[PDB]
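The chain that follows stands alone, in the form deposited without uracil, written as structure tokens.
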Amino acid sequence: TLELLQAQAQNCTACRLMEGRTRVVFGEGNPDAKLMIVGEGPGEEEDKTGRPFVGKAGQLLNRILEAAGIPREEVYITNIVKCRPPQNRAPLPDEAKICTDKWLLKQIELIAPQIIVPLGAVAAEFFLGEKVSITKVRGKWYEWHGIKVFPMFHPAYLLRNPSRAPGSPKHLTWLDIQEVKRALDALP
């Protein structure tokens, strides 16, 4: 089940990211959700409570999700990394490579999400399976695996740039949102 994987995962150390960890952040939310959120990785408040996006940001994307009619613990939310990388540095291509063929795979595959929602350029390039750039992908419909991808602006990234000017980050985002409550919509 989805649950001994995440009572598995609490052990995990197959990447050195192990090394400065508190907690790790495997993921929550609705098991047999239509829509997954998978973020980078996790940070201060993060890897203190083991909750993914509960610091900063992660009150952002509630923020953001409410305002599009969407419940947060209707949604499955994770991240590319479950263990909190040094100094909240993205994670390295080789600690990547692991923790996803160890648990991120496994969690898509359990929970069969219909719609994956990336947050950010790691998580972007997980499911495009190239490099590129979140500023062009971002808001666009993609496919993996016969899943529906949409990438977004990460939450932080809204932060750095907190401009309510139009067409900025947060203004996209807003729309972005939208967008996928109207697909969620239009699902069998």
Given for the second form:
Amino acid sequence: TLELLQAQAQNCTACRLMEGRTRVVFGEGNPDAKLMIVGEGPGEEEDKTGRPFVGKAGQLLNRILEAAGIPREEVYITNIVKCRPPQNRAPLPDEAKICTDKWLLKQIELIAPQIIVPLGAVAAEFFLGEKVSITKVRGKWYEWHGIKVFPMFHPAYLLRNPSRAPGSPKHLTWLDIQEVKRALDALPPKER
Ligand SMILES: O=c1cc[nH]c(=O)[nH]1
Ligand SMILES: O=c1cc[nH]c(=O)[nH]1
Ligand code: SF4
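Compare with the form deposited without uracil: the form solved in complex with uracil:
Expanding to the full complex; the earlier chain stays at the top.
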């Protein structure tokens, strides 16, 4: 079950990221979510609480979801890696592979989402099967194992580049989340 998997993950020592962590950040939300959001890795506040997207970038994500009319409790949120990399660096290829093989793939199998929104280039690369430019792939529909994939900018990028001008990261993200909401509402019932 997802709950057993979550419990087991708390004791994971599969990669070097276990060395500097405080708490494993497995993921949270609706276990039967139609929409799954996947970020890069935990930040400082996530590492302290064991919860994903609760720091500054997470608060922005909450604003984005609320504005789109998507209740956070109804979606499932996690990341490519479950442990905070040193000084918020991106996870290395071996860390991402080990963590996704051990946890993420099983989470996706159990939750069975119909739409996956990878936030940032690292998460986007995992689902698109190759290294990609987040600015070029964001806001477009792809597919991974029969699941719809819609890459979007990482909220941290929006905080680092907070311009309100037309075509800015924030503006494009608003357009993107509205598209996610539209697609979510048009989804057929899950195959059970
Ligand atoms: O949960 C989180 C928090 C910050 N950054 C991420 O990629 N994920
Ligand atoms: O980028 C965005 C989109 C929606 N709402 C926000 O606060 N920021
Ligand atoms: S990042 Fe993933 S694989 Fe590495 S120790 Fe944490 S839970 Fe295990």
